[PDB]
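Single-letter residue listing:
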Amino acid sequence: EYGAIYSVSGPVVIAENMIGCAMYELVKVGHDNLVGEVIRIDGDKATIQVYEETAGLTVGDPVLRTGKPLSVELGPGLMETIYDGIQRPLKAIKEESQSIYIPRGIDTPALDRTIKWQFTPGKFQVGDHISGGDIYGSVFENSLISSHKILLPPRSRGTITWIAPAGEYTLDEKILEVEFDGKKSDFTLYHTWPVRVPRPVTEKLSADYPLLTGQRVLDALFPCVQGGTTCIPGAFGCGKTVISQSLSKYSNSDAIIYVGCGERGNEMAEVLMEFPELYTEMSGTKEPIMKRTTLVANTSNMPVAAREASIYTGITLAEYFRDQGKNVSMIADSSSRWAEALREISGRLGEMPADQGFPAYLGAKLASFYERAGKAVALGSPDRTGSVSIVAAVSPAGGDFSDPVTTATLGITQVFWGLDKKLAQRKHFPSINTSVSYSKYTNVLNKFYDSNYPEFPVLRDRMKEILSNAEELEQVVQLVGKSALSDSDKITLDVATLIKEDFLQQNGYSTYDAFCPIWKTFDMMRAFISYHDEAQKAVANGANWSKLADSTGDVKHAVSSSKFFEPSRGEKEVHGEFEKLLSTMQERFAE
Amino acid sequence: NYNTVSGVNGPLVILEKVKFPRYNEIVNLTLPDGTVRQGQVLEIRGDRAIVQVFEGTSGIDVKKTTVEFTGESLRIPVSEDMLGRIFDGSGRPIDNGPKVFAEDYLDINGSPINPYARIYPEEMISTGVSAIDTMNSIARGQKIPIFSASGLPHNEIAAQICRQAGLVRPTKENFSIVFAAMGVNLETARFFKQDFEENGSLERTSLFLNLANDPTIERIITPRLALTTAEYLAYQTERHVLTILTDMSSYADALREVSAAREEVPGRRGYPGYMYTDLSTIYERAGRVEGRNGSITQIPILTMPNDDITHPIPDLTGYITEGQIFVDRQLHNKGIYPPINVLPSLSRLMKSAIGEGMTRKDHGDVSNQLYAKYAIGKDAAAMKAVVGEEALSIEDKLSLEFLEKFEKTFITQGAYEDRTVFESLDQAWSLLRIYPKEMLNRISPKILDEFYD
Amino acid sequence: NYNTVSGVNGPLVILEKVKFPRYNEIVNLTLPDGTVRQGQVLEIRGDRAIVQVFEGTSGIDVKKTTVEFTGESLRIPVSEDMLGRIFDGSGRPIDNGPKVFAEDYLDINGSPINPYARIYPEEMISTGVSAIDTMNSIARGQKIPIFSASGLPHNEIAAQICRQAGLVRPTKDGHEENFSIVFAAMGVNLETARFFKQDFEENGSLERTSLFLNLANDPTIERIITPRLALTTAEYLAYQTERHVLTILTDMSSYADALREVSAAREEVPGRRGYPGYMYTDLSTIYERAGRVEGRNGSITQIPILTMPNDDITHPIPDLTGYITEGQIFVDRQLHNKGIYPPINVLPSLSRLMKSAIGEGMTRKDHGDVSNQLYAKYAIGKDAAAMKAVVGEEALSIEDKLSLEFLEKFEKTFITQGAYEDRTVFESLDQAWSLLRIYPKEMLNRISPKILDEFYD
Amino acid sequence: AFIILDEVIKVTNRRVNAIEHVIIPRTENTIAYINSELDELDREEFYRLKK
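In the order they appear, the protein sequences are chains A, B, C and D. Quick note: the first sequence uses this note's numbering, first residue 11, plus one each step. Quick note: the second sequence uses this note's numbering, first residue 3, plus one each step. Quick note: the third sequence uses this note's numbering, first residue 749, plus one each step. Quick note: the fourth sequence uses this note's numbering, first residue 4, plus one each step.
Only chain A is shown next, with the shape it has when bound in the complex:
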């Protein structure tokens, strides 16, 4: 039933004859059809909350209800398209309206219906039993990834009758006719799924598949498996954007879903400008990085409803791409903005705050957002495997860990990597605190990595204990002195300084130091462990520290070059150097 507003209070508008509409349902208010959301419902008069400006909306103006909740369009035409918190293209808005500003009440489609695509039935014929999630065909979207699989939409089970494949059609055209228990039904290449409801899958599983960060320290210290969850600081000027971009580019995942909450205009503009500049490095060079990825940007001026629920939409899209059986990743920048927007939404909902101005559903929403990720098997006949790697950033107001956002982030995410501004001010590579770094996923990742016998965990724990001993030695150096220590302590300190230079530090600006392969990092840790073991063996052999440090300098200079020389196809070249280190030991057994 068409609604008519009988009351307007601030952003909130209550409309009678709304009995047909439901709770938490989107609606178009006024003659301008402004975007709004129904909060409560009393009899035939529902109380709705307009996310846009309430100016211009008057009495007597018919209010049309969508009849459903907030959703999004998953399918072809979604990729290589920038979107807002309301899931609308900015570039198409600037192309059509030809304005630098976005008018209130304006609306545009997320996926282009004016774009013709060539679709073809892959593994679906007429008479075969299929269900929701089962691929009914394949249509090429981006220029990088293989043709995007068009699958039978959820809550649809039956036998196919008339297939419109193969052929050229838009996203607004039905590509199939399915016969269910409800008799005749229509199905298209594009589908619509709720933003508050995660994408349906067949079975849930645990993720043993490690995701490649490309960074040495990231893959070694705090490795994040594909499907796993990791968190970090949202401090500006700490060079977080470089780490994020490098992580997105060197990721082993098929696609990347970036969902922003809110930030300064300069930062958002910088990210938007630097986004399309990235190029692929798989098949030499495909299209831009924006083609095989999705971007959702919301500034500070954006609505709170388009902020807190933006992560839901982004995760919905990421899971939608994961519903096609492809590993993806969800990046969230400045989640504290979404938390504050959730606080303002809590104040707008009249819900009594819990602590420090946080809402009641805070922990529930956080856990709900954290449980959407992971590696699993999607629904349908296809039975394709997929994953979603969650990555979030927290930028608290006061910076204290006592804040609800920080506690919830640390609690939900099993992996927390701190970003220290001083570490970035140390004239070093990407800033991470070695002391505060911890992960609970180490066990499964180690057990899984042992299958290929690529074992970081031994050298990881060894270098960890070495880092602890070096930390104690550093505490003792600031207490008594650095010249009062023993030979083992000095060797440990030198190894600590060496590991923080040619190992931990990796320049993203260079070619071979940009992305460190698993074999590269493993060989690096192996060579380092070999050097430390050779030094420890030479220390007990009766060799002087000075003579050893003088004689083994060539080994250190050769080991320092193991971060370069490109491609690891000849990784054995490093092993020889390790043998040379053993010769260095033989050089310590002579002089």
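Calculated directly from the structure, the hints in this document are not laboratory data. Be a bit skeptical, because a hint or two may be false.
[Claimed, not checked] With a cut-off of at most 20 Å between alpha-carbon atoms, the simulated DMTMM-like pairs for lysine to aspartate or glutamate come out as follows:
#1 C/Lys1157 <-> C/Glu1190
#2 A/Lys55 <-> B/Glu18
#3 C/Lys945 <-> C/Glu904
#4 A/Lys184 <-> A/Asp196
#5 B/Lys195 <-> A/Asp218
#6 B/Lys66 <-> A/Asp52
#7 B/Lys386 <-> A/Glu482
#8 D/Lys53 <-> B/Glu266
Given chain A, work out where chains B, C and D should sit, using these hints.
Relative to chain A, chains B, C and D alone:
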């Protein structure tokens, strides 16, 4: 079945044209999309009624929805076939098995044990841990909680306890436990599942699993179903019932959320005012029944927010349950085996399992002496860290080394390693030998002469 | 004219018999004594409608009162000739100048800038102050907050900045059209406003700029709506007129109390310390009006100013502008009580966009390095000042004494500029090098060899 | 004078140790408890006002 509904606000529901509604009555809600959601009645006034929706009011039409009222209160399908089978938070089977046949339909709220009919905790048990034996004893049928912190090996400690429980107990009929989770993590769920699988007790135990993805109402109702199950096991089945509950913090925050959503008058820290009694509902349900064999031993597990022992959660937990086992993050970063703080951790009655006729009369005095030496060692550690190592007396350094050895040896054993009570008492006797003769004033001459080699 | 008004409580009143009313609609309220009081609709319902009289309902009998419905919301008279005229919170005359002829009318609500249409900071922006344009650099499209305090002459600083803004780009080699400056007053004293207008007319920048003055005696709605008016004015000279614009807001705390009263007008339950929970969005609807547009030569920059209550940075306002805006300019009460020029602490002073506002082609290659070196000299000089106050000056070391002399000099020379004093970036760098000349060549570890070789002479 | 300097250095080290884990921890804990009490009181007042 009434198809009439009036208003809708937030996560709640209000209906009219009904009468004689029952408090917390089972009600079936059929939505416009055909979705069937279970719900309980909140309050009833005149010809109008108000109830709370478990699955949420999201996506529900007002005039297109129908509601069927059973009129009976909250009812659960308890049976003797629940053993070995896993159940979800909504009561539905999580083991993907067929329809479970209910032996009896009973209220999940649980019935408080009568004071005269209530029997005091007695006998003893072997948890396989020295701290769970010497420092703080654990009676069979008694109720003690476990206070841990986020990031700590709480799941590992709980797994070790559950695994070594029935194994060590036999050295004192196998012990039967119950696993219950409310709004927990999927990773912790997998860890707990692998733990129950490794322990092999899953066949002799029942599991109630409420995911965090699931609603808060189901998670809160999981504890009730587990309570009714354990009660039916410790009464009708006449067997020993161990109660293992996890993620109480999530249920607490969810309870505060439900309290705030109804705009009810909040208590301390924004929580509910009935929270104390709400916890005391399942807290005082534990105990022994006179004339009835078997007992229900409550071993809850909770996590203090931001590792704060001053948090309202731990305070209310201690105000409800009698005694608790505290886990400090200070010893958790030491790399040593699981971080139990002897000072904060204590048992309600440690004198029930002590004395002659049970195990030995040298238990309690050695516990008091060890606690005294440990506390003195802690104070001496603070003083040594303050003034210096040369500013402390001999007894200070002695108690310091004794406490350090107690932490490195006695406190650190292993997860898969279950230490016998005899081994614990022996290790304690060897630990007291480290201290001087005049060091322990809490020990008697006979025990001092007997224990000293 | 509507006599159907049901009742009046405080500044807000309710009126029955309304048809097709809108939100934030303008209305003319004629009082019983014949007094003319303007008003704006706060809310509307199916039965009655609630509005708010800026002059108040005091002395207005609802029986003899009349209410004329305009049928339109708050709008602004944008024009290219708008520069040089002074207005008030309601858009009415202030300095008793003429009536500005509008080129086009626009909405006060305005519209947000598209994310893909946003352009990053490129051109540098000269502040003109020795402690501002040097330490933390500012560029077009950057949000730089100004933190003042009680008893702090933020007015004179604002006037000095406005005076230094006109000559800020003589060196740019956009010249024909003078850059537009926007002066906005909210809840300001009579003396401060008088001095502001006097200095504006004396500097001669009053003709090339625009002034909107809302005093404390004026209604809160006027001061609250003043910001939107100035924002729309700056927006009209950017997206349409395509010209460089600069926005300046004074006493944002008074506007915060005004917005608090406006929020209390809806009888809504206040948040922590009596402040709206939507205040974050309110500031997000303000500071987001600054930035660079892609394809547009004209850029708009905004530099708001707010006084911290009870000399505390813990205030909700500062915390709100902190994570939103990039960098913040604080004020040291000690240096202000030291009888010196503007007391901006170099330690607290920072800018995130300062990296794009310096360098070759922007300002100088010696800018950032000498800035960090000067800041380090002030900090280490402060530490050495604390150390010398302990064991005495006999324990003073080489670098310690050097940092002491450098700190004293920079405090008595570099930091001190003046009220009407405006120094060029070249003069600032020259003074910086001259002040750093007291230290040796090896005394600066923050300087590069090439720069030092191409500078020192 | 060197011996007296050693004693004074010992007193200074003791004062530094007293300013490390003693005064700092006490002040931090007190500030935390006071902040909690103030926030709780403000929350109660805001709850009463909301009621």
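A quick look at each hint next to the structure:
| no. | hint | verdict |
| --- | --- | --- |
| 1 | C/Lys1157 <-> C/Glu1190 | holds (19 Å) |
| 2 | A/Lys55 <-> B/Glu18 | holds (17 Å) |
| 3 | C/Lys945 <-> C/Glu904 | holds (11 Å) |
| 4 | A/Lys184 <-> A/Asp196 | holds (7 Å) |
| 5 | B/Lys195 <-> A/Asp218 | holds (17 Å) |
| 6 | B/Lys66 <-> A/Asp52 | holds (15 Å) |
| 7 | B/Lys386 <-> A/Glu482 | holds (19 Å) |
| 8 | D/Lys53 <-> B/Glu266 | holds (11 Å) |
Going down the numbered hints, you'll see the structure goes against none, and every one checks out.
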